[PDB]
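First, one chain by itself in structure tokens, the form deposited in one PDB entry.
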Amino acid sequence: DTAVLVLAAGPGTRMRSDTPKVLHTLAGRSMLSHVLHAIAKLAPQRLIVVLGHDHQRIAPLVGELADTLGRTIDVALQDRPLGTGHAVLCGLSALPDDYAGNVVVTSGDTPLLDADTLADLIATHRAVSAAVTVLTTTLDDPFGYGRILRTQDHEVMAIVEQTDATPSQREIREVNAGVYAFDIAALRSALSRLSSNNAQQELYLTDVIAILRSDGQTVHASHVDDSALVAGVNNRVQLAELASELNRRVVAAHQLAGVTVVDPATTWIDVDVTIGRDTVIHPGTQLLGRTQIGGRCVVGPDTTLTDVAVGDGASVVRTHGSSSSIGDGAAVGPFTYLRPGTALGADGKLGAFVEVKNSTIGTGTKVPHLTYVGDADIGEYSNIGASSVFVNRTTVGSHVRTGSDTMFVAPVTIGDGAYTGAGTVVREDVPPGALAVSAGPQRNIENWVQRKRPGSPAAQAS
């Protein structure tokens, strides 16, 4: 029986942002959504988020996350950020006065924390019957973290903040994860003896360690070897660091499952993208949102995709694209732009310097050069000539061949098997199997250059 509190009420000063810290993203999810997903998995009885300026967030919690995760998540308010000890107090008010379960406390700013780390904490805390168990790690650069102070016997004495004591002695490398389990009555008790006479002048949660030690209670510290699972984010340097470690691990999972990623350091893959066996991802690539790739694909160099579905055996090279689908064996790129609502059928082709927006394109159809296709629908085994524009719902049949430089002034229907001359402005329906034209005839004006440009190419018309 446990209640979990997420502390998300701080000002996030060092982010230098008008966006609340806990809303800052990595791998496709805000830090708060990473944290709330880990806990939901653990499925505790009670789950509580402590908010300050409550409206720019209260909305995303529950409103997007408790429904999605299919559980209740309570919001508790802390009006002024008096400290992590004061934040816990406010979290406790959402529990009944007679609450008897355990209390787990975590920060909204530790995004790699996972269910398992949380479940072992709870299990250690029960196993040793502790008043407080705290997760610790060891780090080469310990700055900003509260340091674990141990007695002569390796007993946890206290936690000391960066700003406070450990004067010169900050050299300590065993750090506080900011992740705890507590007996409730020992928690209510220690919090009532908190004072704010310290370098930050705040009610620190960390002080509770030394206070329960004084009442000869049991304090257990529990070392997490994989430091990244408990790393904090207080600034944008630490954010990009952890984003990058999370990326390495998501890439590694895909590799081990049968995906060749040529260059992991420049391959960004959101948590949620799926990618099938034997596809190849070339450097300089981001796969974002709910993107899905089948097997045997080539994801070429310099491709950005957000919510794009790509079937088996398709090629997607230097493409910028979102909210679109690309069929089996289709070819896309290089230098191609897909806007939302693009659907390209199996074995379809979108070539170099082509943009498609809100359009349907049938199996084995080809748009290879320098063309814009918007709000149009196109059948199968058709061919759209180079340097053309769908001007905006235009309907094009199957096995159509349109000429280079045709303009389609919406709405127009071009029948199956129809053709269009090069340089045609199409303004009316074209029956099946007709040829549509508008360009006037070629007229050659002899010796024009000798007369009108008497230098350069004037030799050699000579």
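Shifts are known only where both forms have a C-alpha. Between two forms, the rigid core is the largest collection of C-alphas that superpose within 1.5 Å. Positions refer to the first chain, counted from 1. What changes on going to the form deposited in another entry:
- Shift analysis on the rigid core between the two forms singles out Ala59 from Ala59, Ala434, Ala43, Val409 (C-alpha displacement of 2 Å or more).
- Once the cores line up, the CA of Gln169 ends up 2 angstroms or more apart between the two forms.
- Comparing the forms between the two forms on their core, residues 54-63, 165-169, 456-462 form runs of at least three in a row where every Cα shifts 2 Å or more.
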Given for the second form:
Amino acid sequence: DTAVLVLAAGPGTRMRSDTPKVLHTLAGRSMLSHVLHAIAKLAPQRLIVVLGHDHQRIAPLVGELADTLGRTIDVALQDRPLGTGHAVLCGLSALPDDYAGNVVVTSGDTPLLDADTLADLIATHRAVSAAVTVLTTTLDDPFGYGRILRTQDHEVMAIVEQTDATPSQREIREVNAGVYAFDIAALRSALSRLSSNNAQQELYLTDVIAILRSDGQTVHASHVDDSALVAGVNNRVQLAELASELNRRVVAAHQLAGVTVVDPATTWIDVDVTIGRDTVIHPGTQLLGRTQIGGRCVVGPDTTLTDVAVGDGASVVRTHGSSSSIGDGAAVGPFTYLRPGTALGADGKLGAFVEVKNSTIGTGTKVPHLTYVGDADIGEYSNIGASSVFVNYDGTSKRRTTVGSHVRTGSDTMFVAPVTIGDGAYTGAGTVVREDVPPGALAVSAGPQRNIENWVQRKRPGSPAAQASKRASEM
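Write the structure block of the form deposited in another entry for the protein whose form deposited in one PDB entry appears above.
No partners, no molecules, just the chain.
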């Protein structure tokens, strides 16, 4: 039986942010969401999140996550950030007085911590009958971590904080993860003995190690070799470092599953994204939120998609797109903008300098060039001519437009919504369509061409164009 406490009530001042630290994101989830997902998978009997100033801004997000993960998550409040040891005291207050399960503690700023690591911790703690088991790792750069102090026979004696450590203790590269398992009576007893006479004037959870050792209680350190899983994030430098590591792991998982990622270093993939076999992702690409890409696609370079579904065999190149679907075999890009509600059918095409918003575009239909399609429904196997605009907006209002199948509209056509263009209709180049066009009708509005002979000689006399028409006249 285990209760897990997540300490998320510190001020987060080193982030230098007006957004609460635990709400900063990597790979499409906040640090707090990563931590609560990992813990939820372990499925402890109790899950308590300690929150501080704000709490009004974080507790709702906690309750949404409890619903998503299908379990209750209690919030305990810590009124002032008196230190990690005091935050654990506040967390214990959400437990019955008589609670007898183990207590696991972790921080809200260790976002790569996983279920397996927690399960190993609990298993080790139970096996050695420890009063306290602390996860540790070894780092090239241990700055800012609590240093593990061992006796000559390698017994863990104490954890010393960066601010409290001597220059010589600072050289210690074995560090405290800040993930612990405790015997609850031993934890309560040690917490009642903390004092705050240290460099930060705080009540440090870390002092419990030395306090329990004082009592001749069993103190066990469990070394996590994969240091990233317990790396902490106190500032934005560490956040981006850990985001980069998580992203390499996500990309690698896709590569081992059959996805070619040309340049993992410049390919950002959020945790919920799925990608089919033999897709190729080119450099400079981000796949974000719940994007799903099918098999044998080509995506990128320089593509950003958030919540976009892409079928099999599609090409989505130099495209910026959100909340849209792209059908099997469709071709999007280069230089294409998809705004929410865009649905392009199979074997559709949206080409360069095209923007679509809130429009459905049927199977095999092509909008190849320099056009804006807004609030419109277009049928199958139609062709929209270059440099056209679906005019939704009359200065105050916005309306719908329907274009049928096998239509061929001429370049530079403006469709002033709402209008209906019937199946197989055409429009001339340069048409302003303000009324319905029957099936198989040709709609036109451009006036006839008139040539004004020798205009250039008269109105641009002695210009390079005048000399040129003169020169062409002679030869």
